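Each chain is listed here by its residues.
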Amino acid sequence: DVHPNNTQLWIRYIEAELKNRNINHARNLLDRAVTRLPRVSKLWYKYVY
Amino acid sequence: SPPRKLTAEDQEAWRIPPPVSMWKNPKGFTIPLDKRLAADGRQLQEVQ
Amino acid sequence: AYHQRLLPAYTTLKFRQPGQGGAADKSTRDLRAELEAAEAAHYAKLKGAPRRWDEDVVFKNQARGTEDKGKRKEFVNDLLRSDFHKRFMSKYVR
Amino acid sequence: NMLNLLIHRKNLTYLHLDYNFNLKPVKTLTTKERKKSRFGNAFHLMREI
Amino acid sequence: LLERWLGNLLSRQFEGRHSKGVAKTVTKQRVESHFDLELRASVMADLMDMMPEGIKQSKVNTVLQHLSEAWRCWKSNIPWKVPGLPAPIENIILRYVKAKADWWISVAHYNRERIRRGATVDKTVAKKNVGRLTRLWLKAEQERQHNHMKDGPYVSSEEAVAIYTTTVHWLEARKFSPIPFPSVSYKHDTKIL
RNA sequence: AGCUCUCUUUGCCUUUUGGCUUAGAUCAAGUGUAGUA
RNA sequence: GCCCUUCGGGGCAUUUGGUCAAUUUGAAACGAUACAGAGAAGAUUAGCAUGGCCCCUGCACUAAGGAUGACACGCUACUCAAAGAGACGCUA
RNA sequence: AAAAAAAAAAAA
Numbered sequence: 001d002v003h004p005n006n007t008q009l010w011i012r013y014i015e016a017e018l019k020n021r022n023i024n025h026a027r028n029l030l031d032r033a034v035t036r037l038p039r040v041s042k043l044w045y046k047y048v049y
Numbered sequence: 001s002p003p004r005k006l007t008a009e010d011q012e013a014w015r016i017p018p019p020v021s022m023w024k025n026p027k028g029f030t031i032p033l034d035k036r037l038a039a040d041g042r043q044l045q046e047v048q
Numbered sequence: 001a002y003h004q005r006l007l008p009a010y011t012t013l014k015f016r017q018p019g020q021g022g023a024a025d026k027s028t029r030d031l032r033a034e035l036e037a038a039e040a041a042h043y044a045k046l047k048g049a050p051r052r053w054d055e056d057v058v059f060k061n062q063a064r065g066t067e068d069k070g071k072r073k074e075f076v077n078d079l080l081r082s083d084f085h086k087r088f089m090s091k092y093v094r
Numbered sequence: 001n002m003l004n005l006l007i008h009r010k011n012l013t014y015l016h017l018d019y020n021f022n023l024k025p026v027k028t029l030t031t032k033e034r035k036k037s038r039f040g041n042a043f044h045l046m047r048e049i
Numbered sequence: 001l002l003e004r005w006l007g008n009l010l011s012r013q014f015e016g017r018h019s020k021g022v023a024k025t026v027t028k029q030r031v032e033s034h035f036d037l038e039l040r041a042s043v044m045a046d047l048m049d050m051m052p053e054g055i056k057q058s059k060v061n062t063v064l065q066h067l068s069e070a071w072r073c074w075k076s077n078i079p080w081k082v083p084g085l086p087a088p089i090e091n092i093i094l095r096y097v098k099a100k101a102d103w104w105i106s107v108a109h110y111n112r113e114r115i116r117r118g119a120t121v122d123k124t125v126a127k128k129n130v131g132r133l134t135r136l137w138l139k140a141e142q143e144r145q146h147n148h149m150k151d152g153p154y155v156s157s158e159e160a161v162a163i164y165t166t167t168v169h170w171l172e173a174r175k176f177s178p179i180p181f182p183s184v185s186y187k188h189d190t191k192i193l
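Residue numbers (my numbering), protein chains in the order written: chain A, 1 to 49; chain B, 1 to 48; chain C, 1 to 94; chain D, 1 to 49; chain E, 1 to 193.
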């Protein structure tokens, strides 16, 4: 809410969701991240990886 | 739009040097005297 | 709700009465014609179209070329070099 | 009674309002007590009226 | 008046103080501070609009420190030139330093005119104005000395020879004896001392 | 060729000087001895 | 109670009140006392701002004060690699 | 032809 378009915060929150084996939460998070920032290739690359 | 392609030339062209203040040291740093006189333009004066 | 503490003041708005212009619209071609007519009138007004005692003195004619100040007023966009600042500093620092 | 109630609600009970509307400290005031007890022009104007 | 005042008093007594959130006006004691705020924001805004998309935009307050350094160099008549600084950033800094200089000189002129008129009884304002015109006069004096170094002696050689010759002929016509060096055997050294 | 070990190199900024005004303004200091045993 | 009456009957007037009086157990605030002691890289200090789940005094929620009112001084891996050798050894 | 508060005296 304070930093909507920060790619680093999105990456760390998807990573923190993934390292606790919350797969569906993190996939929803990656959908939100590629919806908000469709022109950041880092988020798309992480999502396909 | 898709991001503009940045060369290393641009990344070095927009490098800002650190301010060598010859009035203020708010953190009490012992700056070398070499750096203290770099921004002083009196060394770039033609005595003609 | 709101949090303001204005006392009432100037509680009626003034409107442009007849003769004050404003809420009366013309075509922009008419505005161009009026602008060019007024500009042409102002430019035409600018163009006008409708023993000798002083013999032993060492230095002579040293004041020639002094009255030539004021041929045209030159605004200089450097405050420390303008005529206003030089007059200020010559007046106040002696 | 209104001035006395306003004084007592603000817990300034070291100020005494006598019946001729004089406000005097009953003791010696500290700096914090002097800063808390400093009334304004509305209270004092109403008191003098 | 008194009923509005007592209503405000009872409002602070029974629903509290709205201390935070209101816009304070820019009174005299705030003017310079307000100026600094606005100027910094303007400079900062220009920086965010000159950064190319992809540059590391964290250390950009470094430019605000460079702006402070450039203003300090302007006040001391020291030529400010940072080697390796990018040209658009240097242009932004020079542009806003000249705007601050224009404001500073205008305020100095206004305060001097108030002091001459007798319209000011503040002492710190007067001492500030004396300092500002001291700096302005020293900048003008440095420029005058540098101009005399560049443009040569303004007295022409013919003018100086004429002045010297007139002095020689006058002092010869007056039978003037040149003043000697103070001798060791001078009998008036003690009283002059 | 790849994987690992140590070292070097490149990239690396990783915490890598919150403002303003009359450089905000000013600013020496006790003492310090011992003819004769 | 009164009024009207063709003594059959009818009329006028119509629902108050967020209150137990009852102070330990439905919520006040200190001071004294002890203690600590006023910011800017030597010492001494005038200040003006900035941010808000910090306020106080004030009519000022478009003054001015409260030590420049206080507070801030912390903490610090993560958008994150590539090389060219040599090498206990791996391995083709 | 006759004008009379604050800065500023500091957080168990």
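Some hints could be false.
Said to hold, decoys possible - With a cut-off of at most 20 Å between alpha-carbon atoms, the simulated EDC-like pairs for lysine to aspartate or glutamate come out as follows:
hint: 1; chain 1: B; residue 1: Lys5; chain 2: E; residue 2: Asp49
hint: 2; chain 1: C; residue 1: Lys47; chain 2: C; residue 2: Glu36
hint: 3; chain 1: D; residue 1: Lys36; chain 2: E; residue 2: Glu141
hint: 4; chain 1: E; residue 1: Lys128; chain 2: E; residue 2: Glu90
hint: 5; chain 1: E; residue 1: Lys150; chain 2: B; residue 2: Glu46
hint: 6; chain 1: C; residue 1: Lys91; chain 2: E; residue 2: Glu158
hint: 7; chain 1: E; residue 1: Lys98; chain 2: B; residue 2: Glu9
hint: 8; chain 1: C; residue 1: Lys60; chain 2: E; residue 2: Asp122
hint: 9; chain 1: E; residue 1: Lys100; chain 2: E; residue 2: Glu90
hint: 10; chain 1: E; residue 1: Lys100; chain 2: E; residue 2: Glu15
hint: 11; chain 1: E; residue 1: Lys75; chain 2: B; residue 2: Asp40
hint: 12; chain 1: C; residue 1: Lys86; chain 2: C; residue 2: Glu67
hint: 13; chain 1: E; residue 1: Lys98; chain 2: E; residue 2: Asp46
hint: 14; chain 1: B; residue 1: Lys24; chain 2: B; residue 2: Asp40
hint: 15; chain 1: D; residue 1: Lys10; chain 2: E; residue 2: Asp122
hint: 16; chain 1: C; residue 1: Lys86; chain 2: C; residue 2: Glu74
hint: 17; chain 1: E; residue 1: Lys59; chain 2: B; residue 2: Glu12
hint: 18; chain 1: C; residue 1: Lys86; chain 2: E; residue 2: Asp102
hint: 19; chain 1: C; residue 1: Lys26; chain 2: C; residue 2: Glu36
hint: 20; chain 1: E; residue 1: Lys59; chain 2: B; residue 2: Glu46
hint: 21; chain 1: E; residue 1: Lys139; chain 2: C; residue 2: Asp83
hint: 22; chain 1: E; residue 1: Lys139; chain 2: C; residue 2: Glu36
hint: 23; chain 1: E; residue 1: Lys123; chain 2: E; residue 2: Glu113
hint: 24; chain 1: B; residue 1: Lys35; chain 2: E; residue 2: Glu32
hint: 25; chain 1: E; residue 1: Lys28; chain 2: E; residue 2: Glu38
hint: 26; chain 1: E; residue 1: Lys100; chain 2: C; residue 2: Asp78
hint: 27; chain 1: E; residue 1: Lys28; chain 2: E; residue 2: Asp122
hint: 28; chain 1: E; residue 1: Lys128; chain 2: E; residue 2: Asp151
hint: 29; chain 1: C; residue 1: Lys69; chain 2: C; residue 2: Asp83
hint: 30; chain 1: E; residue 1: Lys98; chain 2: E; residue 2: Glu38
hint: 31; chain 1: E; residue 1: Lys139; chain 2: B; residue 2: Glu46
Hints were generated in silico from the structure; no laboratory data involved.
Results of checking the hints against the structure:
no., hint, result
1, B:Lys5 <-> E:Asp49, "17 Å, holds"
2, C:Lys47 <-> C:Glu36, "16 Å, holds"
3, D:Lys36 <-> E:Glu141, "56 Å, violated"
4, E:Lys128 <-> E:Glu90, "29 Å, violated"
5, E:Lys150 <-> B:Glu46, "10 Å, holds"
6, C:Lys91 <-> E:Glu158, "32 Å, violated"
7, E:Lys98 <-> B:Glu9, "30 Å, violated"
8, C:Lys60 <-> E:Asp122, "51 Å, violated"
9, E:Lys100 <-> E:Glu90, "15 Å, holds"
10, E:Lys100 <-> E:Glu15, "44 Å, violated"
11, E:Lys75 <-> B:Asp40, "14 Å, holds"
12, C:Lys86 <-> C:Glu67, "18 Å, holds"
13, E:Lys98 <-> E:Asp46, "16 Å, holds"
14, B:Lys24 <-> B:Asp40, "15 Å, holds"
15, D:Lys10 <-> E:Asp122, "39 Å, violated"
16, C:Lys86 <-> C:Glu74, "14 Å, holds"
17, E:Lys59 <-> B:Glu12, "14 Å, holds"
18, C:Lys86 <-> E:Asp102, "15 Å, holds"
19, C:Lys26 <-> C:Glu36, "16 Å, holds"
20, E:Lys59 <-> B:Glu46, "35 Å, violated"
21, E:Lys139 <-> C:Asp83, "16 Å, holds"
22, E:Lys139 <-> C:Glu36, "48 Å, violated"
23, E:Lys123 <-> E:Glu113, "15 Å, holds"
24, B:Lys35 <-> E:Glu32, "31 Å, violated"
25, E:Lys28 <-> E:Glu38, "16 Å, holds"
26, E:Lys100 <-> C:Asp78, "13 Å, holds"
27, E:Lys28 <-> E:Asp122, "13 Å, holds"
28, E:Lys128 <-> E:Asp151, "34 Å, violated"
29, C:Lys69 <-> C:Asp83, "12 Å, holds"
30, E:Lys98 <-> E:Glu38, "15 Å, holds"
31, E:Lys139 <-> B:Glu46, "19 Å, holds"
In the structure shown, a violation is registered for the earlier hints numbered 3, 4, 6, 7, 8, 10, 15, 20, 22, 24 and 28, in ascending order.
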